[PDB]
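This document opens with one chain alone, in structure tokens, the form deposited without its partner chain.
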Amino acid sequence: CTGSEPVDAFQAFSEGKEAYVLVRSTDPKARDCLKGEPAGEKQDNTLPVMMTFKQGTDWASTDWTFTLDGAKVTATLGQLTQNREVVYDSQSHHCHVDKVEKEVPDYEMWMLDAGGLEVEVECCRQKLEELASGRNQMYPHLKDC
């Protein structure tokens, strides 16, 4: 299950050309149907992204600025900041696993919303299990999305 190495966030995001959906999270507060979609070309070391999600039955969308530094991703919206590091990226950049850096860290698995490359998907799941062993996983994309 060796993936893409060394890990690079821009590469993990298919060079800002694709949308990714959150499929596994250890965070009980993870947004239902969370998806990230590029909203413009890379500008310097940043990438504009729209994050879409569903709250109850209502769809919502927020505008974030991603600052990339190797495998590190700093996402900002107004006074809000979320820090992550991409810790595993599949061979073809089809899925990846993040560590969400904060007091009690959380882990996430994101993937292209397209089908295929099941072996790479299984590898991401295995890697998430290793990084987050013993943590309960929730499934944000299995929320009638």
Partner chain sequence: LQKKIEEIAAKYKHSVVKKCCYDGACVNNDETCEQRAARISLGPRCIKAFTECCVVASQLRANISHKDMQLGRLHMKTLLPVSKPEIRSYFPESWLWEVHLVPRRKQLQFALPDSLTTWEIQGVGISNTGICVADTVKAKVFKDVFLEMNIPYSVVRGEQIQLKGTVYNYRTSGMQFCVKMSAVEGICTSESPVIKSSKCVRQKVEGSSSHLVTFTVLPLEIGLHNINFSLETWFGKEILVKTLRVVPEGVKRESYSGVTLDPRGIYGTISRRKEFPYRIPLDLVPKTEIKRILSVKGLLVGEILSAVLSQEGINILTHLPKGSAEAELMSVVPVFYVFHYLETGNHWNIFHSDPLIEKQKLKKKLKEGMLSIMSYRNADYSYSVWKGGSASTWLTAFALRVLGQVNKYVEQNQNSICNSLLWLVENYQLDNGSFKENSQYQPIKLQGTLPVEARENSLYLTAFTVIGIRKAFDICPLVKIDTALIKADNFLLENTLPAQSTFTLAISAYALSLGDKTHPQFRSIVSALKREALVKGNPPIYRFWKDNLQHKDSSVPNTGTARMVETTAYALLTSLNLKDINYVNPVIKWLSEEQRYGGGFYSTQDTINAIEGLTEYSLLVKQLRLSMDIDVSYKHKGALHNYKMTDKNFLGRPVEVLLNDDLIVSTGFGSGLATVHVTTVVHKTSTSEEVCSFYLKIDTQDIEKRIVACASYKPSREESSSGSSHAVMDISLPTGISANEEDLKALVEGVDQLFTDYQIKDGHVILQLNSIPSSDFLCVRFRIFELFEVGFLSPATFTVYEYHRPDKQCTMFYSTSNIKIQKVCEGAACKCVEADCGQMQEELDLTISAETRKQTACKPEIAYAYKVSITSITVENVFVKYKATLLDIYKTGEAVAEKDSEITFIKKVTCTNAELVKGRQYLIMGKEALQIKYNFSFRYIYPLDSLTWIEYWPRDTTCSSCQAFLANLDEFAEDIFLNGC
Second form
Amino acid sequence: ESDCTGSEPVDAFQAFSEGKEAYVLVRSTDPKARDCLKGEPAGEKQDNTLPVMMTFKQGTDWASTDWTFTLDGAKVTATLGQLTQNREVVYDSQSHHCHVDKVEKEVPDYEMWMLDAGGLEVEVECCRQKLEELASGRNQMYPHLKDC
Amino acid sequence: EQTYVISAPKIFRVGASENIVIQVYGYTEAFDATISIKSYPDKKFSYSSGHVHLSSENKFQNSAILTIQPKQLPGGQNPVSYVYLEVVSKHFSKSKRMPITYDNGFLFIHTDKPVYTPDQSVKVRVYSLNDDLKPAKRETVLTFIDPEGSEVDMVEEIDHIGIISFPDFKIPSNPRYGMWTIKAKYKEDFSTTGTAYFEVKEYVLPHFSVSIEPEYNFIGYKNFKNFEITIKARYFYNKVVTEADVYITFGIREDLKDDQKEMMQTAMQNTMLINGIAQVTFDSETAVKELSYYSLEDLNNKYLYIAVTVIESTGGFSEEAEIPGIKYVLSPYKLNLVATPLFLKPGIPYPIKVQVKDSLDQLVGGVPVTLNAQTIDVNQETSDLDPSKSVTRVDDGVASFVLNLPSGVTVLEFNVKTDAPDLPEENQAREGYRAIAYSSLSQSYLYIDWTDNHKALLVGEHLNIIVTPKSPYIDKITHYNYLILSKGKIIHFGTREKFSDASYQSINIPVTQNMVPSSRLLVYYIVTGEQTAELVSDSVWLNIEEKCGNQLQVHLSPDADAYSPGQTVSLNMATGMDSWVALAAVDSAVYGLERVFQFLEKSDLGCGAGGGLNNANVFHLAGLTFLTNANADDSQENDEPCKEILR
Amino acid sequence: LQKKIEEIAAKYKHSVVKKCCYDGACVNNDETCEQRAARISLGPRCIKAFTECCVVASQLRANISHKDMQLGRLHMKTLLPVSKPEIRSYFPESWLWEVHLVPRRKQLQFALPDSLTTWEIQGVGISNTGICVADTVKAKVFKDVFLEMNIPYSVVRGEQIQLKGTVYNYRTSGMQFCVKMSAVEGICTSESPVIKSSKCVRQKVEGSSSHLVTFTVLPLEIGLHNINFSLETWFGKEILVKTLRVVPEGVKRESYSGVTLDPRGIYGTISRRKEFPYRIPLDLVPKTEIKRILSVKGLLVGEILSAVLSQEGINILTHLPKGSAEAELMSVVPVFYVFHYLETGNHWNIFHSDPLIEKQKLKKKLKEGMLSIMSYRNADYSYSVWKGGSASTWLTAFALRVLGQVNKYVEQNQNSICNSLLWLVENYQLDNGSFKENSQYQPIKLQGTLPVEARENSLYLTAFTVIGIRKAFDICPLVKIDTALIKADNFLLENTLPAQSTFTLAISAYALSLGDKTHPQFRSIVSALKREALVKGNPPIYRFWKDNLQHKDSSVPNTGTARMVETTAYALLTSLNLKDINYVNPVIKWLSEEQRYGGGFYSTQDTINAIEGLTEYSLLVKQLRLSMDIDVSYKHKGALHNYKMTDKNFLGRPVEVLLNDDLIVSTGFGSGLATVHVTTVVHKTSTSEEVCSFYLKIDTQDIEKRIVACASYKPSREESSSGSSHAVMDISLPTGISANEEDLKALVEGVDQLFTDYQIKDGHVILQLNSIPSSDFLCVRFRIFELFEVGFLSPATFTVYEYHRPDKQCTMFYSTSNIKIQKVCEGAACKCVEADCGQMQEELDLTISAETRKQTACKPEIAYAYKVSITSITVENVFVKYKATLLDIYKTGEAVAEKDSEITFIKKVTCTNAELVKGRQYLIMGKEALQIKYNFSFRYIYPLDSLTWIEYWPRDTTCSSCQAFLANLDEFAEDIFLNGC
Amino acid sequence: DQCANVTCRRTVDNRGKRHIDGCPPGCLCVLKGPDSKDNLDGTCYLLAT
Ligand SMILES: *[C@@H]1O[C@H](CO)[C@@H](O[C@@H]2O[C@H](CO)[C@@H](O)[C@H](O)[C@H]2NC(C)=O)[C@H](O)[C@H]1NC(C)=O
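Please show me the structure of the same protein in the form solved in complex with its partner chain, now that we have looked at it in the form deposited without its partner chain.
Below, the chain from earlier opens the complete complex, with every other chain and molecule after it.
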């Protein structure tokens, strides 16, 4: 119900709650999506870059890797050491409770992130509709349902 | 001339085994009689009945025990109030309307302590006896009423042995403070109630201890101008309070039950507590010139309330104390008659035994007593008797008098006073009394008395009673008849041969355990001839030692004036027969209580020391109704039991 | 002067309103008569009587004498008051209350209780021969010479306490004696053990008196420590066993973590493992252990089951004080819901013993709880929030709810319930169907302007009263109160939307859910409530509600509050009444994990409604078989333990987690649904990083010492200036400080009361209040006195908070002693203060032999050891923090710190010989450290205790002979890292 | 209408039982005052179905 049009134009920093909140991966078309993937700010906003700590679980072992995000409007160039990853937030809920990322590769994957603290259910459902539209029938992974 | 006398309790008690006596006279041939309790007024239903045989072997006297079963009575809207007592035989058939009560037995509520503080647990059990003083074994309902009149808990329990243990009542952490009431009742059949009280008070930590010690427990004429009061105070670490400020307010109080009091803002004297002790003197006369009163003739039996506030000087802390009331006493003595019915028998010396007690209701000895009397005969001619004087026997407290009055006297207005060598005339004890002559149309009177009553009758001894009748038709009386009652039941009855070679004759009565703690004796003879048979009767009240049927005794081994904490000790219980025993161990300081033998003889339907205005009144004041073909003229509306008169 | 008061008393001797004159004349040197009468509510006549007697009493008290004042207190204090039942002495519980079959003779032996009491033994025989009251026999248990000691409730570590006692001699003759103290390890005494318990110094007690006893001690270790006291006399020797409770410094703070175990994923996603990480909080008091308890219970209702069935206590809301009738009802809430579960689901076989006896016990405890509220009931069957206060519509409704639910298992007095319901509907229901409150009790603070706040509060009260009436209607089904229910239901239907808060929307939705569930407007309200739902996960693992509306506040809370749990509970119960089973599972999971060890939640209302939600859900769904192998183990440490949970036992006792490692609770393939709660208790030195919803200030003054504690409410966003709701002012008293209870009584007992209830519990003065103002400060003022002497007095805390919103709070430290300075401790009488803290080395001491500096460093006990330079000094509460720079690292046993990184040191402020100067270098070697996560990086803090070797280290070489000093210093510094001992 | 305004009453027969009357059928008696007094008076309330 309602209209799912929210946050126009899409700003990544706004979609990340200006680096004040942590977000969890709830849907992803990536078959290798890390279980219980959570991203939380690891530092202050210096220039266009921003430190982001990524926690996830392999088997029964919790792991954390440090990353740096380079934000340019809606685009995000994430990197750790030599590994680089290009993303673009293609949708952001009206209250910045959830957003839909598009990761670039030969077969571009689509992801849905939401506040670890929780989000307004109607907006969470709107992000879910956007992700189902972008995925267009592809198999979805649910990284948060992995006994986190 | 042939007569019959049926004796029953004044009132029938539902569920009680009521003993009905039948005594017939003039019959030489044996015959049977049916005594019956039936429904009123139709006699359609028979609550119970019994057959009694009357013969020479039987001396033509017999007894039958009837019982009104509770289940045989309807319930609720139109409950039974009356039943019919009926006697039927070959010779006669007579009935009478008898009232019934649904009060049967006794319910004693026993709580471990009388005062509780929050979070404490009240231990409570009920002792339940039936009308015959035996374990009732009836299921019992307890109700708890808080100081605001609310029924806040109810619990019922069945009774197996006569001792009913209830679960403990937990006092709430923040309860309604004040006077709580416990009400016991039976779940079925009966209207018996029991009642107990216990207070719930808020604990407040005291700073020090304050004690008030008056000069005496009573205020007489000697201390009406000065009454010494000593106020002490000490810290709870066993040291005397060095300096403090003492404020004392005085009031006049009507009775100790009512918390109302009239203060006296004139005697608010203030003093200093030094080294633990302070003292003041209260001028009663001067202070009671306020609030009217003025004289010592007033204030009598009223109380002096004392309030003291002590303010310790170092820490400024304050603690209060009070004496609830000191009774003002106008006379050191109180007078009361003992074993002297207020009824005259024309021709018989009339005895008066006065008794002197102090402010503690203790028999005072060596107290001279002066007796005055006015007499009124049938001609209304008043006569002032010559005063007599006795001295109180110090062995029994008794001061005895014997009075010889003219045969024509009808009313005796006698007054007794104390004659103490150190008391003013106001401070003497005085009591007035009126005695009316027994009325008989044949000038026929009976007077009984048993040697004498000191000491009290001990179970196992013997009661040597003297039976003196005064009448014409004397030497034609065949026999004497007697009924012995105790605790509202006719326990004995019979007949003794009259010796033609004396005026009086001793009837011997073995005093038994059935007669504890009190009994009543009714003796009567039948005047016969022409006109109509007449019953000439008299009765006496027998005070008997309070002796248990199954005596209980508890002892502590080892016996010592004081014990040490945690000491292992043995308690030895000994009873005459196999008996249940309910034990309790309470901190005596809670008492700063119950007596069963006195509350038990409320079932005695008799009143006074015996006697009566006529035969019917003699039977009535002894707690008896009777059925007779002889004259039965009684007073008006005489259906309820007598009420003990107060003065 | 006497006549000027005789007229007053005579004027109000028989006035109906007489006390208002009385407590008007009471002394109040802090407020004028008009300020005191401004709080009077009992009506207009009382204000004028109060004002008159207040003004006249104040005029007469000018230049009075103590005798005149006291005589005036005599005139007033007698004619106007009535009486109050109270007692100054305690009477111990009676004993031997038993019945025996006595076969003519029976002896029974026992032990007399430990008490000084004149006991009275009474026997009553019952037999077929009647009743026999035996002669009462006396038994006086008495001790003529005995010692007693007064040990305080708690003592803060480091405080020097004077323990006072008394020896009593009731003999008429004086005697010699000596008391000695038993030295325990943690308790530091100035003298030393001889052979090992103190010394016997012979004194004499005079006959029939007492003698004082004093022992000064200084606790160095936290916890309960046994101390014995021996009294010796020429006639014997007595030992008095005692216990001293030593408490840490700072504030206690308690956090909670919850996890639900669903191994087969019946109610949601599978949940077999969970890791509770060990994280050291920021301002943790040094050398204090982080305590944390682990509770694993069998069902969703398992925590409440364990709370009720285990009789070691227990209140599920111990952090909230007693006093209000609400507390007395909440005392019966858990027992009721346990009974409701056991009876409705027929689960009495859980008991291994006789279930009938257990049902008996719970029924009795339910009744016992039920009498507790009788005190708060008035003659007209209304209920008052505060004993003796005015009747409250709100509390009467709540009592009707709890009683109405309990009536199912313990039948209630129908006539009483009828009178209470009718008191509600006949007097305090308006024409529009709403209910109005009679008293000034404000249970909740709502947003909006004064008119909007009025609408909101009216809606809330109407829904609350409706819930109560519905819950108790079957006891007294009158047409009159059903009509009342219709009118109120209509008010709710027309006035709920548009909503002003998710809270009132939820409670209105639940109240209407108790009636006709087919009305269209009710369905609209339920839809609006669903629209506000928050979810964690997609598909959602959790579903909960925030009490603020989305269009007013879009931020999502990070931790739960009482309003959050209460809104979620109302919504859950509304959904259960609609049989909406697909929607509640994530809600049930959220409420279950928000629960707390003990069964309760944040405040009272959220607790009762959440317990009802969990219980009703547990009875509505199929009871699964319970069978798990639950293993709790540390990650990098040994396995703690494991237990097999079945329906036989699943309320197992908790277990304390001592080791400083991360915890792991795991289970294999199982059947059932268990709950795992962890309560972390820490002690913190500061409160600055906490949100304060009250301005606080507190001081001690000298009077012509008195505590003055003031608070003022900080309204939230869109909240009016009307002030807070039901509030609590909890003032911890310092060790050995005692409060004047008369001053507190005088502040609540009168018609001009400033506070509505007071109590003194465990060293705390707890006052309660209808409302704390926003416009101005409100101050409690009460005198204090020193009970026993205390040195190095640790500060105490002053906390005020909303009773129904404990999250709206403010905690502040204060001390009753001004005492500074702390320059030095002078020689001996000193080893106890300087016992457990570091001693600085002698400055430029050349006798330290370089090998003793290395052997001390290479000690396996010494964890870290390196050379630093101090940058800043700071004094925080009871401790001193030194900011230093890490120069050269010489040893690292445990975690590592970076070179030239910032390192913090901490020493107890009460330590002088470790005085460090800013800017100077020092060699510091010691044990242990604290690893904190500040901002986004690590930080290490090192305590300065005993066996911490510190030495001043100049950088240059112009220290005359200390040139050689630095030579050997640099000798050790060179040898340590080239060897690796 | 019926039990609109008729007083009701609670009383004690000679057996100790409590009985209520004054109340027409299909209604309930509501009694004011301390529940421990045997003699109480109140009014009738119409009761429902
Ligand atoms: C304090 O007194 C208690 C009681 O005497 C002591 O406890 C006893 O200690 C002895 C050994 O010293 C044990 O054999 C007993 O079993 C203990 N009894 C109990 C009930 O625990 C205690 O040791 C004393 N404490 C000190 C510090 O002296």
